[PDB]
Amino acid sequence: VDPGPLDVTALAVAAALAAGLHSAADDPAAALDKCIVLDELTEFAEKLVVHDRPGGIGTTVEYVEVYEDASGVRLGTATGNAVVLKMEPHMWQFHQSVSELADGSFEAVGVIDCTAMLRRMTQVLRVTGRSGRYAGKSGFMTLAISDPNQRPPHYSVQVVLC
C-alpha cells in the first residue's frame, strides 16, 4: 500500500505534451511558466446528493466540492456528477465537474478508481478550460487521498492547464 505521487513539474509536462508542445519533455522548467499551475489545494465535499441504485452500479452522486489553499481559505468550488461503474473488487467511477475559480472556470472528466485512491494511489482526470484565464487551455488534474481513515475524505489536488 504505497503512495506513488506525481509532482507538479511532471504533471505540467504531461499537460504540455497532451497540449502539443514537444518542447516540454526537453525543458521541464519552460513548461510551467507558460502553463497554468494550481498547487497545494485541498478539496472536500460541502454537499452530496446520492441517488442509489440496486447493488451500487448506476448509483449517481451530485456533489459540490470546495477548493481550499494551504491556509484553508476557499479558492473555488467544483460542481458535478459521479456515476458508479463497478463495485467489486475495486470501486470505479465516472466523474464530470466544472470548477469555478475567481480567475475563471474549467471542466474535469475522468474515470477514477476509488479503491486505489484509498490505498493512496494518485488518480488523474482530464482538464479543459471553459472560461477566463483558463479558456482555450487543457490539462490534467491529480487527486490523492491525504489520509484514508479520515471520513469525510479530504483530497490533495493539483491542476495544470496549457
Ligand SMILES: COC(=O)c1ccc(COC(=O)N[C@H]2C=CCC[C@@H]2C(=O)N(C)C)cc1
The other form holds:
Number of protein chains: 2
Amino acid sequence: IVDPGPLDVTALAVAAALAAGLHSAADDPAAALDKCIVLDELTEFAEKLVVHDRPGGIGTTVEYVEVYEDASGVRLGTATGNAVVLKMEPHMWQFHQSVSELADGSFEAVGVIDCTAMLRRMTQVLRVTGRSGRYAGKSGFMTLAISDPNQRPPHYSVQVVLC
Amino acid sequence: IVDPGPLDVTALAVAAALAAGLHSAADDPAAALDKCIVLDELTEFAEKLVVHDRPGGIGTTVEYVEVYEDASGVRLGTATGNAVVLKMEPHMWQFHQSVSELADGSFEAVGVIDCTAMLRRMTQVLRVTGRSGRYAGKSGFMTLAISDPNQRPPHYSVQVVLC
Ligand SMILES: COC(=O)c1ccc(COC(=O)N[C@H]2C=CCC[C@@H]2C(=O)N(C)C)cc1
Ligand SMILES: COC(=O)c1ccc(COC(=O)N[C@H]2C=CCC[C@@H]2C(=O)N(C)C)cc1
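With the form solved without this ligand done, generate the form deposited with this ligand bound in the same format.
What follows is the entire complex, opening with the chain shown before.
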C-alpha cells in the first residue's frame, strides 16, 4: 500500500501542448516547457471545509477554500470549489470543480479523482482552463498527491501547467 | 499488487451532470443517469498498433485502432487515436486523444492516464466530447480498466457517459 508515480513539469508541459493542439510537442520537451506557464513545488491545505454529509457517504458534498503555498511557504492564493463523493467502495471517487485565485489571475480545475489511489501515494490529474490574467486563453493539467501521508489535516503536492 | 476501484455508470452520470452545469445532480443520482447518454458493458482491444519508439521510452508515440465489442462479443465500432509516453518511472504515464466511431455517431476522448496504476487494476478517466449523432452537443467521462489481464490481445472495460 505505497506506490508513488509522480509526473514532472516537462511531462505535464508535453500533455498541456498535445491537448492545446501542438501535435508534434513531444519532438522537443524543452521547447514545450518554455512555452507553458508552470507552477511546480506547490502545497495546498484546507483553511475552510463546509461538509454536507449523506448516509453512507455517496453524495456527501464538500465546499472548500484551499490555500496555495509556494516551496518557501508564501501564500500565493486560494482554490475555492466543490467536491462530491460519487462512490466509496472499493475506492472513494470524488468529482472536483475549483476556481484558483492568485494575485496575477485565475484558472478552473475540473476532474474525477480516486481518493483511495491517493492514499496509496499515487498522483491524480485534473483539467485546468485559464480564466483571468496571464492564465486566460491557456489550458493544461494539475497534479494532486498526499504531501505527508502521516499528516492531519492532509497537505497536497500540486503542479499546474498551461499553454 | 491487485487493487480494483471502478466507477458505476450512476456515479459517472453524476460527474457528467456536475461537469455540464446541473449543479444539484447529487440530489437524485438516478435522475442524472436519465438525462445522460450511456455506453457501458462494452470492451476494446488493439487491432492496429503503429509504435514509433524513443530510446528511454519518453516520447514514444502509438497510433492505434481499437475495436469496441458488446458483452456477447459483437463489434460495435472503432476508436482511432494517438498516445505519447510522458514518463516511464516510477509509473508509465501516457497522453491520449481518440475518435470513437459507432453506428449511432462519434465522440472524442482526451486525457492523461497512469498505465502502471492500470496494471494494479485501477480505473482511469478521460474527458469526452460528443462530435456527431446522439453524442453531439454533449460532454462527460470515459473509464478504462483491464477486464482480464493475461488475456491476449489484452481487453479494456469501457463506460462512456455524457449530457
Ligand atoms: C467526506 O470527506 C472526505 O472524506 C474527504 C476526502 C478527501 C478530501 C480531499 O479533497 C478535498 O476536500 N478537496 C481538495 C483536496 C484534495 C483533492 C483536491 C481538492 C483541491 O484542492 N483542488 C481541486 C485544487 C476531503 C474530504
Ligand atoms: C511502450 O508502451 C507501449 O508500447 C504501449 C503501452 C500501452 C498501450 C495500450 O494503450 C493503447 O494502445 N491505447 C488504448 C489502451 C490503453 C489506454 C486506452 C487506449 C484507448 O483505447 N482509448 C483512449 C480509446 C499500447 C502501447
